[PDB]
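What follows is a single chain, given as structure tokens, in the form solved without the partner chain.
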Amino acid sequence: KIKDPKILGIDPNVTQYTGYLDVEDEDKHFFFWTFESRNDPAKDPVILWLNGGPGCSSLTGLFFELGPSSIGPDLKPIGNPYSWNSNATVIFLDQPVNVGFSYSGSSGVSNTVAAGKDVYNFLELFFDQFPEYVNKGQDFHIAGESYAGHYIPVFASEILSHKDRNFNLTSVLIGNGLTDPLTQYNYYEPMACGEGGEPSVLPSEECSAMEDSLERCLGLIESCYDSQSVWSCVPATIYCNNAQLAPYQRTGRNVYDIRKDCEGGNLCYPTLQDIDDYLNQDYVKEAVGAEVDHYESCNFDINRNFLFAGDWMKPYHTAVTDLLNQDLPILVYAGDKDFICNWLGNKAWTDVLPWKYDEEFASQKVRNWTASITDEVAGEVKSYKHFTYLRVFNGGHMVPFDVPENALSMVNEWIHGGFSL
């Protein structure tokens, strides 16, 4: 049962549609909120936006970083001066199950593999009902941030797994995501210890603490990697997140933006408060016609189960290579002002992933990239065929929120410009 946002404020002109896609036998209720290109939906690609968590709603990217609408105290919509769908029809799915607005009576989803598994089951039901996005030869891609840096590849395989498919995937976008923990994990000390733009935030004492605490942390990532057992992956998580994330947290700096400060407990980004506010409202909860009673951003439970399952420490970075091997154009982009999923570490994981153009990628030199729109160096490229690593200058964990001009700049140009920067 689905309604149109035709009822809510949000994005007028274009033509939005929202609601649910259901799965009988499994009893799973997917929730989405689509928007048609501000230009031509017929030409313009298709996009799957994915937030992390794990267990966080995707609406958040919608009203907070790259959607059309925004949240004012007023709990009144706002137009985005640099929206994502400006030149493309976007999809705002609420995965996993029981996230944001989706739901179920009895499931699972205590891991990634099985999540994609449901995601593909929805991509085929959606494409079905709105076949108006393929036939025309409409390039479809997927994007996400943070934990989606786990999800994405895994979902990307899942999908490509079916030759059976009712659709085509063209590329992947991953922003400030967790992908190859084993490698990204050493980038914790460097980035907080004064080596990645902003300056040292931790007493050198604390720094050496991270450097001792490292060896141990890592052998744990390995064991998880090679074993994939709860017995190793679980302590690898707790231990590493301990030794390396907490010291920064103590300082009470924002975790998504080293420049901004945020003390422990409250929000780092309060405005998202208004968001959970606008969502639950009586009129707003109506339109969408969502069958949920109370909407939360994230679901503690889901988070917990992923954590208690080993999740976070599994080498999903492997999937990346297959996809590259299967000639899939990939884009790894990083806000350079974020601590939780640094550009230092996302840089490096890239710099070492194996794939056919393995040596050439590592050869190719870094170049300064010019924002499509604003005409200003906005980051730093490393490109090689369908695999590109970009460093977004003056960016936090949610790059679109911080630099909208540049994001879209980086966006369309990748969406359009021929899978290169």
The other form holds:
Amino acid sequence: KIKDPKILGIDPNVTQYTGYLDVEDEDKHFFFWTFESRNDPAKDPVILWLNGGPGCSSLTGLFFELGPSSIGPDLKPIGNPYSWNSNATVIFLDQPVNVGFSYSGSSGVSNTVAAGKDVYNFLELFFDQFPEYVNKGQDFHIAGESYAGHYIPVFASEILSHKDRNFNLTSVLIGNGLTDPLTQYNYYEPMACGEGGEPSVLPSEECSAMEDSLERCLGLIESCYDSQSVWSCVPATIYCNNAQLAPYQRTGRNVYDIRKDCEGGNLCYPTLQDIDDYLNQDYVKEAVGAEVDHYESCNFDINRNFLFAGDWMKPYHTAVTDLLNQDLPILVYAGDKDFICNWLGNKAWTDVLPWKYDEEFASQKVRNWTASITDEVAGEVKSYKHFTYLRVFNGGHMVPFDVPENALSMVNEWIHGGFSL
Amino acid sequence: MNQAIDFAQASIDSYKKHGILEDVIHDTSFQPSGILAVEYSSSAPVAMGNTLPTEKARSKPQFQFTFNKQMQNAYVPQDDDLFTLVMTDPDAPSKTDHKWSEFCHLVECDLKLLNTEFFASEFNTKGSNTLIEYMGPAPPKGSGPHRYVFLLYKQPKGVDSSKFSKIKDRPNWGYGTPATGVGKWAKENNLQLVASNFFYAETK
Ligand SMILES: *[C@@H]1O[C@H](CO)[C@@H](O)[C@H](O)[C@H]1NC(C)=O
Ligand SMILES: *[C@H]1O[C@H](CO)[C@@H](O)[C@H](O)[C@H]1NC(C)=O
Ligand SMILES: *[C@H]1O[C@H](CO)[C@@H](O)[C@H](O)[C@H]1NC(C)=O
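Okay, that one was the form solved without the partner chain. Can I see the form solved in complex with the partner chain too?
Zooming out: every chain and molecule, the one shown earlier first.
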């Protein structure tokens, strides 16, 4: 069922829908929340937002990062003037099933490919229910962060292989994501040892330890890349994460923001709890039409499902090559203060990825990027044709949360500026 | 992504949330020494709590043991080492009715590994002895989902399976009393639990 959640604060005088879209022939109930552009919903593009985890709700991005309202300590919504629905209608989807308000009694997904099949179905049902967001020829984008670095490329491929789809895909955005493990795992040491724009956070003995185990880890990742099997990918995940991520984590430092200490829940940001409490209120659940009893930011079971299935180290980056070769614009952005999906690693796989214009791209010189809204030199860009890599200054794992204005400048210059920063 | 660093803690959390430490292992202090990767087919991996369609868990699955000297009385890998692989359902006929609690699905013994400390290895099936042949999930329609738990035990040095207590039959592992199985049997045979994985299956 679909509902009108306007009675809640969130975004007054902007139509929106919440509810479920079902694939009952598989017992899958996808919860979503839609917000129209605060400008012209008939002209402005549509954006699908996805958080990572894997197993975390997209409502996090809504209330905590880039949606129309955030939530105060008193559980009252506070309007966000820099919401991404300023010049685009946005869709927040809880996926895979059983994440957030999305649920499923029987089935369950363990890898990205399978999740891709499900999202494609959801989108078909969606644009079927709301032809208004396609009829007028609006562009449609898919944006997400973190582990969505796995989702997006695979997801985009899934939808582009269907010739009978009832909508189009204009471009995809990926912030601080994990996309090419083999390359990215090479930059945790330099990022944690004073070579990523921040003072070292690990004692020398540790940085060296990380260097020694690097080879073994990479070899294991390569092995997973070659066989794409549990036997090879799961061990690779265990060895590398313990060798390259564990040291940093043991210092109590925030894996999402190298300048902070991890404090609070399983996600290091105490405030996330506030939105969890807001979404669990009796009147909010009802107004939204939730069919699930208790809401949680992330579902750690599906998180472990992906882990123990070997999805973490798969070579999904190869999908990016296909997409780029087909001229699909792609924006890979990363805040330079994040650690677990740092900008060094993201610039690295982006500089060596093979594709028809990999030569002209590698040649391009990085230049300064001035945010339109703030007029500040907010980062360093590097782009050629339809491939762009953006380093965002003073941004952690969740860019919009640290630099909301510059973040809005980025998405708008992309969505409205012809996919070129 | 914060939770994907420590596979040990991740394992404990899963065992707790799904009552594997109390209903089956009977030890809330249990610490895994490694992780047990189990798979029926490339599309049917058992990944700590995922759901699998019954028909996919029809034949015997493949196993792999990854030891990581860090996730740690303590288990120190050696060459003489012989292992026992168990599969049990503590939700038989259901998560509530335990008339047959702990239904024995599989018990393989005298298994050896093909093979700062770290290694991933499969088992050498050759000289092993199956005390209880494999039988896939077959939960009663409507009983709800059942927990299918795989457990890897290290056998005491020098003692083969011909010396372990007999297993009358499957329901209750032939102990007669309800809610009894791997825990009871593993203790009276001095087996050392080393790892565990599990999945859910249901018949609607
Ligand atoms: C975004 O929408 C606002 C509507 O108030 C408009 O003033 C602004 O110029 C728009 N900019 C775009 C199209 O990026
Ligand atoms: C995608 O846009 C619509 C989908 O509603 C379709 O009719 C069109 O053919 C596609 N794009 C084009 C013009 O190739
Ligand atoms: C970026 O702008 C130019 C080159 O793009 C140059 O002044 C310098 O590299 C940067 N400017 C700043 C912020 O110092």
